[PDB]
Every structure is written in C-alpha cells, then in structure tokens.
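Let's start with one chain on its own, the form deposited in one PDB entry, as structure tokens.
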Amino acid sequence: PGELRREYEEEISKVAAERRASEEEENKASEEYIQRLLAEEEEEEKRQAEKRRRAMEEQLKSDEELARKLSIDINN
C-alpha cells in the first residue's frame, strides 16, 4: 500500500539519478572530443597560415634582391 508506493518512489528517484549520471558522462565525453576536434582544426589552419607566411617572405626576399639591383642600376 504505502510501502509499495515508497518502493516505487525510491526506484523513480534511483532512475532519475542514473539518468543525470549518464547525461553528465555523455556531456563530459562529447565536450572533450569537441575540444580535441576544434584544437586540431585550429592547428591545421595555423600550418596553412605559416605555409602562406614563408611563401610571402620568400617573395619579399626576392623583391628585395631585385630592388637592390634596380637601385644600383638607375642611380648614376
């Protein structure tokens, strides 16, 4: 009667705590994976940025050597 009711309420409280634990375990696992995925995507774009970085600095070094040759030539 009352005791069947009390046993049902205890089991409902027990299931609710089990669902909060799975919800927390799921969220902890997903945020850890997402943080890992975002760090990998940020690292990949930085390496693409540095590849363009040394490409333009190579171009600047080449432009400086040409600028030096032009300055010696046109200054009589």
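Numbering follows the first chain given and starts at 1. Superpose the two forms; the largest set of C-alphas matching within 1.5 Å is the rigid core. Shifts are known only where both forms have a C-alpha. First, how it differs from the form deposited in another entry.
- Following superposition on the rigid core between these two forms, the residue from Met56, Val15, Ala67, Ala21 with a C-alpha displacement of 2 angstroms or more is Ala67, and no other.
- Taking the core as reference, several blocks of three or more adjacent residues between these two forms have all their Cα positions offset by 2 Å or more: 1 to 11, 63 to 76.
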The other form holds:
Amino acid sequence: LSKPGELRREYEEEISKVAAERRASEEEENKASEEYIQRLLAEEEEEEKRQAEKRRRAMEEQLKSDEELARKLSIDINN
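Form deposited in one PDB entry done, so how does the form deposited in another entry look?
The following holds one chain only.
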C-alpha cells in the first residue's frame, strides 16, 4: 500500500542505522589508537628526559673531577 517513497524512506532510514553502527564501531577503534599514541609518546618523552638527565649528571661529575685534578696541578706548579 506503499505511498510515494514509503518503501524508499524505510530503506534510507535502515541504511542510516547501518552507517551509524559503523561510525560507532569506528569510534571504539579510533579511541584505542588515540590512547595508544598518547601512551607511546609519553613513554618516549620520559625516556629522552632520563637520557638527558644521565648526560647532565655525567657532565657535572666530570666537572668536579676536573677541578680535583686542577687543584692537585696548581699546588704542584706554583710550589
């Protein structure tokens, strides 16, 4: 008894629901990826800070050691 477009409009409404389910399914996929990336970049930022901190303490200890040698030197060359 289908009026102009009545079957047509059920078809369009039913296609819309299939599309909405795909978008819902994709949202779960894309939120897993976006939280994965957040963690990955945070872990790589922490690693580089740890490396840079290791470099800083090595340079600071070299400085102290250089001064230790320098004092033993200056006492030897001036008396």
